[PDB]
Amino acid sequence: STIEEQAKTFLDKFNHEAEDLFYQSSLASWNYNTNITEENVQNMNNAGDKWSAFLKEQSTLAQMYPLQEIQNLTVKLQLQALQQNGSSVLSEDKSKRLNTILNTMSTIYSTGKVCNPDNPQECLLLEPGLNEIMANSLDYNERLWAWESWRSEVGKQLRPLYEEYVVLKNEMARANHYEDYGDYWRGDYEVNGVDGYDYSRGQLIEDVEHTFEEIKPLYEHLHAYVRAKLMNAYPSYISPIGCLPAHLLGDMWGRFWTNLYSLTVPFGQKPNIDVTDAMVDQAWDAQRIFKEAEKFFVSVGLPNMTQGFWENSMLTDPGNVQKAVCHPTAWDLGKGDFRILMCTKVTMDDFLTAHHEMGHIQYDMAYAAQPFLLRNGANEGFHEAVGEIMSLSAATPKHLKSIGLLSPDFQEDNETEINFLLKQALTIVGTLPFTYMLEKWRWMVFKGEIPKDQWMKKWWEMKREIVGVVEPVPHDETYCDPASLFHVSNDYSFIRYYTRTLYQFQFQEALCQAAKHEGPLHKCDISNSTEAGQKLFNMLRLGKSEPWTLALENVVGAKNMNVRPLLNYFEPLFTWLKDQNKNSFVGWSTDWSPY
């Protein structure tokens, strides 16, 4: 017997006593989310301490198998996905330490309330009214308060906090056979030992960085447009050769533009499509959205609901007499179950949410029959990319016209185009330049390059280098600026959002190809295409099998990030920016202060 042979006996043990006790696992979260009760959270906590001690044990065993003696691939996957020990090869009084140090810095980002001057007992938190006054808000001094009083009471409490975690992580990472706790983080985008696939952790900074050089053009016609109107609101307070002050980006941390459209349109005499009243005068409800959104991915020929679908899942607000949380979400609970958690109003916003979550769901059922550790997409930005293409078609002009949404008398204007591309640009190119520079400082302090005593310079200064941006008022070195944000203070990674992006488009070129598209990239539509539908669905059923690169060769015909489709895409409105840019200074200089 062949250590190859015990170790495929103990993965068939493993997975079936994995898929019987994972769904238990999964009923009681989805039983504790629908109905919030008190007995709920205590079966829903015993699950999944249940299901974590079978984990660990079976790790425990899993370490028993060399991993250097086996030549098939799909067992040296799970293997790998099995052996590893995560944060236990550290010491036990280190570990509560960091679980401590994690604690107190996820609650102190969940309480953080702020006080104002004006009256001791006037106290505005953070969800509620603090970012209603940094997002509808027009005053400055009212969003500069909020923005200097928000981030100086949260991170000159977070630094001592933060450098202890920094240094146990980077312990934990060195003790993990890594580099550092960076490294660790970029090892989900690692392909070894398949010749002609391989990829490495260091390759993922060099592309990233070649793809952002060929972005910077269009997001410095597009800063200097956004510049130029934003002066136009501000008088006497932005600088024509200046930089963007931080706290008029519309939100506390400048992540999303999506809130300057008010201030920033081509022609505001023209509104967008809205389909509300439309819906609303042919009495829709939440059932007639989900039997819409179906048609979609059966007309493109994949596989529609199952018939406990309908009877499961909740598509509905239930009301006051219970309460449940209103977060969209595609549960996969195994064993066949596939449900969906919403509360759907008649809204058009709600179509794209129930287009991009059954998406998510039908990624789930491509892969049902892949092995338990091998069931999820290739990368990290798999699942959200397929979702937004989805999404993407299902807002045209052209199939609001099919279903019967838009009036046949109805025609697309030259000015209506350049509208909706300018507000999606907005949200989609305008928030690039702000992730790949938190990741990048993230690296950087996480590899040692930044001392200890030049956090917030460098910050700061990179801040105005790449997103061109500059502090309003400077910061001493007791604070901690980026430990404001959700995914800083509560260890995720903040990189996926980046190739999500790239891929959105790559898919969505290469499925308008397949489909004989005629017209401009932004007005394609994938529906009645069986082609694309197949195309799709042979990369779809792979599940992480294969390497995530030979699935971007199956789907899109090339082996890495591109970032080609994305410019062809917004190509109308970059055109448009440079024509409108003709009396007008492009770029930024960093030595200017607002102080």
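Definition used throughout: the rigid core is the maximal C-alpha set that superposes within 1.5 Å between two forms. Positions refer to the first chain, counted from 1. Compared with the form deposited in another entry:
- Lining up the core between these two forms shows that one residue from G268, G336, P120, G319 moves its Cα 2 Å or more, and that residue is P120.
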Given for the second form:
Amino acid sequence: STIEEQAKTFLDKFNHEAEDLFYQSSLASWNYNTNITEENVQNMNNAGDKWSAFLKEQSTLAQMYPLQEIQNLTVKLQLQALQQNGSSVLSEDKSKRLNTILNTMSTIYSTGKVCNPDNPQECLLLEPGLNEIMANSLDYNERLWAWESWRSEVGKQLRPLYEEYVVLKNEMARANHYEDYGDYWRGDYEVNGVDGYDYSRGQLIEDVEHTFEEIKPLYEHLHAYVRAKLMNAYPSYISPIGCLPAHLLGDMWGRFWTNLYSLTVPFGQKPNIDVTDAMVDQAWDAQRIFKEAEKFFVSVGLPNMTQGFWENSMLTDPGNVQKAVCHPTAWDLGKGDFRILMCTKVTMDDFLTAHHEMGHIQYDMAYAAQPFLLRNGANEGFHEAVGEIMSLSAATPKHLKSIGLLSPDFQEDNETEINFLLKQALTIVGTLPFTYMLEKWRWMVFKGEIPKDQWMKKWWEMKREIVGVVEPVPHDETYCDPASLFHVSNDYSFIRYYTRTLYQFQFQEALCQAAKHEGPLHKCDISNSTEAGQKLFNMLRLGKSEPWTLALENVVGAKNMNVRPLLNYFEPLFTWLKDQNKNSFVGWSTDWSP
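Rather than the form deposited in one PDB entry that you just supplied, could I have the structure of the form deposited in another entry?
Shown below: the chain alone.
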């Protein structure tokens, strides 16, 4: 009985009560999310405590089979996933302190309410109020007030906890045989053992920087166009030669530029594409939406879904009788149970999100044959990229005309193409510099080579050079501006949104080439292409067994992120921008002084 054989029999008695306990916990979470009561909260607490205790016990009984004495690769990956100490390396007091820090930060961010104007009677909260008044605001003074009000109260509470949180996380990562918490996070895009298909945790930084260097000129042109469009609407607020203000990007943190479309749309006289009217006058419901999504998937070639999916998934809100969060997510409860939880309205955006979550479900069903610890995407961007492939494909005018929402009388022109491409670039390209900036700042902070007394100083000097966003007012060191973000405050990796953007366009170009499609990449339809479906499924059914480097090559032919699929996707928009904004300055000045 070799150590590898012992490892194979442990990870076969794990993969069996893990799956059972994970199904129990997932069912508890699902029934809570569909029915918010106190019994459901207690059931989640019990199931999660049992699952966590089982995971901890299984990890301590796995620390036995040494990795250097194992020659297999699947067993090696399973034991690597199971042997992660996590937060157990810290002392008891330090671990409880870190847990309290995380809980307090999450509660402060979720319950954060700014009441600066007038008396504290009038205060708004995140989803309807603050998001509504930041999304659609035409007042520079009001936008400045809201932005500086959140950045002041929330950041001043976050920073004293944030510094000690960073110290604790760095200590835990160092005890985990890593270099820092940034290295611990980057250790997900790591392949060690496979010849020809391998990766390093610094190679991720190098590749991300190189890809950003490649994408930069398109971002500069888009930024110049956005600045030119914003100056006309906002006189004397944006200098013709300077950078772009922080509070003017629709979102509170300027993550997405999608909401900056009313002041940016070039062809206002030309109406945008929208199928809501025909979709609502054709008597379409959530059942028909998901049936048409599954029709698209089976036309592509992927298998149809289980009968229990329809009878168990919650697709419509059951009135106000019971309370249920309707955030769209795809549930993989375990033993053959796939469910979709979303409040489906009859809208184009809800149709697209249904396609996105249905692609997530298809990915989940693809690798259901893999062992429990290998039932995930190859890296943490593969799932979102796979879903976004179908989300992009289902929104094409050709697919809409074939489906029936778009009348044949509508024609396709370069004007509508440019409109759609500009909206897509505002959604997608506009967030890549911000994501790279945020993750670079977090990596540098966790590295510790930079000092601590100029965190905000370096944050704002990196915002200007990388994103082109200038601080509207000076900020001292008492602020903790990056901690105002959901992922930064709640300890979430953010490079996944940069990686998924490249991966999705890689996949789209590969599948459009495999579908024998001729023409622009943005007018592509993977539907009715069994070859494209099979090519996608080849990578889709691998799960986490094969390295992401090989999984990428199995569908694309490359071995790392490539900007070129993005650039050929956005080439018509790039040419239009270059031809249009030639009379205006491109880029942001480095000599700006407020």
